[PDB]
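Peer 1: As a plain string of letters, each chain reads:
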Amino acid sequence: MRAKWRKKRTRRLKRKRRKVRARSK
Amino acid sequence: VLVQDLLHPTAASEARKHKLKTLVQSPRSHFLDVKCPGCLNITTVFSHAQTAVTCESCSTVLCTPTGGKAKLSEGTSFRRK
Amino acid sequence: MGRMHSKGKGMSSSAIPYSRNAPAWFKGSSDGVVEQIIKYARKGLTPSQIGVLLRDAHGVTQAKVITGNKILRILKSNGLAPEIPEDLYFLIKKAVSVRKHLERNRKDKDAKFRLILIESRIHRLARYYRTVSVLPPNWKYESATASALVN
Amino acid sequence: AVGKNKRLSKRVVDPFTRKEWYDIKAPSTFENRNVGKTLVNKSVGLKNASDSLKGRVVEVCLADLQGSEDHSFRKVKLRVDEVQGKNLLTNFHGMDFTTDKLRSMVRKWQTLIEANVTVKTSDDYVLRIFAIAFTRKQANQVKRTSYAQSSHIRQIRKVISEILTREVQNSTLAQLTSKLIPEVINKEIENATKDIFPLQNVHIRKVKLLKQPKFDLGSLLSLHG
Amino acid sequence: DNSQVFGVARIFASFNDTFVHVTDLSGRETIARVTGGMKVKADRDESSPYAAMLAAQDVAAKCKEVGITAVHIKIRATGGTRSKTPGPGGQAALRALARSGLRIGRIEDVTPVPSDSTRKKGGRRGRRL
Amino acid sequence: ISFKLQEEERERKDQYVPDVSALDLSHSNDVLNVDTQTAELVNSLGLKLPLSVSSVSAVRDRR
Amino acid sequence: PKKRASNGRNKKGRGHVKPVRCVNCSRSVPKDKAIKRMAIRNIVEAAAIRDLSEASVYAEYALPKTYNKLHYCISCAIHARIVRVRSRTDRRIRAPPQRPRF
RNA sequence: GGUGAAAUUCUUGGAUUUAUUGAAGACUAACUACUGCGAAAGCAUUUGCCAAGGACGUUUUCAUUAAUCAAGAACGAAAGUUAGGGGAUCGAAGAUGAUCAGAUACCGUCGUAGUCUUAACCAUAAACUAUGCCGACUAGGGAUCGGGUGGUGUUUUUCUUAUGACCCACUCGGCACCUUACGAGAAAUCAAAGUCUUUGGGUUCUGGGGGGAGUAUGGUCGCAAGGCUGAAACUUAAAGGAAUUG
RNA sequence: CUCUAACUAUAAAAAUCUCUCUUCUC
Ligand SMILES: [Mg+2]
Ligand SMILES: [Mg+2]
Ligand SMILES: [Mg+2]
Ligand SMILES: [Mg+2]
Ligand SMILES: [Mg+2]
Ligand SMILES: [Mg+2]
Ligand SMILES: [Mg+2]
Ligand SMILES: [Mg+2]
Ligand SMILES: [Mg+2]
Ligand SMILES: [Mg+2]
Ligand SMILES: [Mg+2]
Ligand SMILES: [Mg+2]
Ligand SMILES: [Mg+2]
Ligand SMILES: [Mg+2]
Ligand SMILES: [Mg+2]
Ligand SMILES: [Mg+2]
Ligand SMILES: [Mg+2]
Ligand SMILES: [Mg+2]
Ligand SMILES: [Zn+2]
Ligand SMILES: [Zn+2]
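Protein chains in written order, with the deposited numbering: chain h, 1 to 25; chain b, 2 to 82; chain N, 1 to 151; chain B, 2 to 10, 18 to 233; chain O, 9 to 137; chain R, 69 to 131; chain a, 2 to 103.
Hints in this document: simulated from the structure, not taken from any laboratory. One should not assume that every hint holds.
[Unchecked claim] Stretch by stretch, here's where chain B covers chain O in the computed footprint (C-beta under 8 Å, at least three residues): (1) 27-34; (2) 43-53; (3) 108-118.
[As the list claims (entries may be wrong)] Under the rule of at most 20 Å between Cα atoms (straight-line distance), these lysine to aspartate or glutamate pairs were calculated in the EDC-like manner: (4) B:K45 x O:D9; (5) B:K27 x O:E37; (6) N:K70 x N:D31; (7) O:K92 x B:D108; (8) B:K33 x B:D59; (9) O:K72 x B:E28; (10) N:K27 x b:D34; (11) B:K85 x O:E37; (12) B:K216 x B:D104.
[As the list claims (entries may be wrong)] Distance windows between CB atoms, simulated: (13) N:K112 x B:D78: 52 to 60 Å; (14) O:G75 x B:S76: 26 to 34 Å; (15) b:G68 x a:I79: 46 to 54 Å.
The beta carbon of each residue, even a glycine, is placed where N, CA and C say it ideally should be.
Input sequences plus hints: build the corresponding full structure.
Peer 2: So, in structure tokens, the structure goes:
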């Protein structure tokens, strides 16, 4: 992979999981 | 090259180089005894004079500020000393 | 070539001559030198101005060469030394000028950067002078006593 | 040639048999006062043509106006101002170069200096003028470039601004054009600037007319017969 | 000055479907706008030199019909932000107007050159054909 | 290619020594003319060596 | 590995340069890696001057020339043959192609 | 129009061009270079004001005030976020018409946020010269930029001197360049990447096989985007660098 | 041992690939 798009994928994963954190509270 | 005498550079070579790089750090400047076209008095001036040197006798500014030596006033006479 | 705050490496300076004693052709008296030094000081010119004027107008090469002592020391012995050394005072003057410019027009950021550089230099020099104890150990330079010392 | 859609959202005539011809006259300032012809729709009341003519501008080379070829790169726009019937007058409207000469002067290894200034004529014609100068390679120069300092550029621009202001504020636009055609201001600029920097190819350009007081009938009549 | 009633042909030559449009000295009065795509069928060849000759010959015919005899030329590329370069065809139109009876003089280029503005279409990486 | 005849005309044209040495001071104004610097060079060298000094006009045209 | 000692940019001591659009594909490129050609040409082609020459008013007309630089992205410069793909030791030769005609 | 070819789209309410004008915001073409300024980002119409700085000149002034620097701070491209102002161009999203097996991609047209601003956050970039800063030395050559040197110098031109602009020999500083190795490197190459096994000028900060992974977690700054800090379990004999021949 | 003048004008589409890797000593 281009490291750029792997970083983007992990970044979006982080955003989704932190929205999960926010919705859980 | 590869063999010199740094004690005894050629005087032409010595002045050829830059100051602060010679054997002894000597100044390039000098002092000129300048006389105004009006008054016969003698006024000493540093060659690279910074301020507008004025003869105390009369308001006859002799040398004007410049990057290098001050420019004389077209009528004075200078003596090297 | 140091130039703390700019990578400039110049060496613009002066190479004073090797002869410690006076030039052989000088006709002025060392004492008369001293009285003209003190009177120009009474006029208020700083010792740098004093030196440049005595070099331009008269055969005064270095007052240390002629009188055997240096201009600031002549002033101190004669009791005309300023409370703040001249270089420092010029630093305060420049710093306050930059401060006035900056407060006048906000968005200039390189002005702020140069102000930080000038404050660094002035703190440094003040530290030195306090170590040599020319300044009082409580002498401090921030903004307002700065403006008072500008006066 | 076809592939049409005709998204329209035969009473045909001959539209050029229904048209008149008119003459063009240049002011007394130039040599060849006649300029040429102009086709116009026929003058009928309720949109008389002479209403339409007043306002027209024509771009004409100075070579034709003067006969000589050295004015080839010049270019004057003349405005239609007075109509006499089958024949109409023109007053000066603008000056410019042919772009090709401008580019020929614009070369590498020699910085160009521009001077822009809005100046009011002696009479009322509010104008804007431009000046273009190029550094000249000296008569002995081995240096491969001919660049000018920024301070030299500022001084030269100030000098040219002063000269242009003087020339325009001296006389009226008729006299101003009579000065323009011999391009005397060019030699004046070179005169006052040759001490600073050589400045080859000084040229006054894009004389732009901005304002005109009311009409000045009498002078226009004086400029044409 | 042997009574050459003048005109300006004003060929506008793009990289497709060039133009020949003769008008009066002031430019207010058109004579035979007839263009490059007028006489060709492909719509790919609108820029082709043959379109230039065809358009030029018919506008020259209309020019003789009206009465214009001498023509000045305003060659213009697309200019503005687009390519600054004269269209391939328009030169052939110039040649034809030179040929067909018309007297020609005072050739000029009036391509509108901008002073660096109006960011050119295409994005950073630009056209990626 | 080289046949012996060619070697021989090369020899006899090469063995040709001209008459007077083309310097001789005989051509181009008796006693040569040169610039001041080489003149004083020979002077310092301490040789009589007849002479004709002249200027050079060191200014360089565009070239 | 550094392909070109001059880094193939020609910036070398400027930080950042304004970009200029390519003339064919309109790709923005730094104004120094912006291969550039003086397209000076006679307004009429030499093949058609004669028709103009003998069929025109204003005997001995100037016949001016059209002037413009062309700025290419290097992709266009290579494909449109403006710039060739030279060899190694021949890369460090910067003199133009020997003044095409002289 | 537009393209490799085409279509979408606008057009006898006359589109496209042909002229004059006027509005808006935009940018400052060509001058534009192995050239300049700045700490870096970055900086290109003119003019005035405001303050600032480098380098050069200095027989001017003080006398170690110096270098790098954890901690702390200021700037910090573009995109982004607030809010208010503007709203041309160009264009993420979306809408389209093509190509193709599919193409919600590359080409083609419209079009929102942004693009420009005004105060505040963001502090990341291949923020690259992939070369930390301050020092001293070491080889030949040229030009170029800034200053200052000397010409019995040239044209300048104001008769003549003065300037300016040039020519020469310089010198100090700056971006750099060319040739070479007699030094290095593994080489590509470097005039520093030399003065390093013949191993020591002063100094900060980083790395220890590749993945896992800049991920997990805890802090910490931020509204948010996210940034700084930062592993391990585990999995492998390679990954990688430069050059050679195909 | 004297010098600095020419010039043009293309791009449509083309995806994938199953083994088998084996010495240099006189
Ligand atoms: Mg391609
Ligand atoms: Mg720098
Ligand atoms: Mg290049
Ligand atoms: Mg219309
Ligand atoms: Mg410009
Ligand atoms: Mg510059
Ligand atoms: Mg820190
Ligand atoms: Mg932004
Ligand atoms: Mg589609
Ligand atoms: Mg899309
Ligand atoms: Mg698109
Ligand atoms: Mg659009
Ligand atoms: Mg980073
Ligand atoms: Mg590891
Ligand atoms: Mg990782
Ligand atoms: Mg975390
Ligand atoms: Mg490799
Ligand atoms: Mg398959
Ligand atoms: Zn006097
Ligand atoms: Zn391109």
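Peer 1: It remains to establish, for every hint, whether it holds in the given structure.
Peer 2: Hint check results:
With 3 residues having a beta carbon nearer than 8 Å to a beta carbon of chain B, the region 27-34 of chain O meets the requirement of three or more and the stated coverage holds. Interface restraint, the region 43-53 of chain O with chain B: holds (6 residues with C-beta to C-beta distance below 8 Å; minimum three). Counting residues of the region 108-118 of chain O whose CB falls under 8 Å from any CB of chain B gives 4; the rule of at least 3 is met. Among the hinted pairs, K45 of chain B with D9 of chain O is consistent with the structure: their alpha-carbon atoms are about 12 Å apart, no more than 20 Å.
Straight-line distance between C-alpha atoms of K27 of chain B and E37 of chain O comes to about 10 Å, which keeps the hinted pair within the 20 Å bound. In summary, the hint linking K70 of chain N to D31 of chain N is supported, as the alpha carbons are separated by about 13 Å, within the 20 Å threshold. The straight-line distance between the Cα atoms of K92 of chain O and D108 of chain B is roughly 14 Å, inside the 20 Å bound, and the hint therefore holds. For the suggested pair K33 of chain B and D59 of chain B, the alpha carbons sit about 18 Å apart, so the restraint of at most 20 Å is met.
Note on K72 of chain O and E28 of chain B: the hinted pairing holds, with a Cα-Cα distance of about 17 Å set against a maximum of 20 Å. In summary, the hint linking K27 of chain N to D34 of chain b is supported, as the alpha carbons are separated by about 13 Å, within the 20 Å threshold. At most 20 Å may separate the alpha-carbon atoms for a hinted pair to count; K85 of chain B and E37 of chain O meet this at roughly 17 Å. Proximity of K216 of chain B to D104 of chain B is assessed by CA-CA distance (about 8 Å); at most 20 Å being required, the pair is judged to hold.
Checked against the given bound of 52 to 60 Å, the beta carbons of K112 of chain N and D78 of chain B, roughly 58 Å apart, stay inside it. Between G75 of chain O and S76 of chain B, the C-beta spacing of about 29 Å keeps the proposed range 26 to 34 Å intact. Taking the beta carbon of each, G68 of chain b and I79 of chain a are about 50 Å apart, inside 46 to 54 Å as hinted.
Violation of the numbered hints given earlier is absent; every hint is satisfied by the structure.
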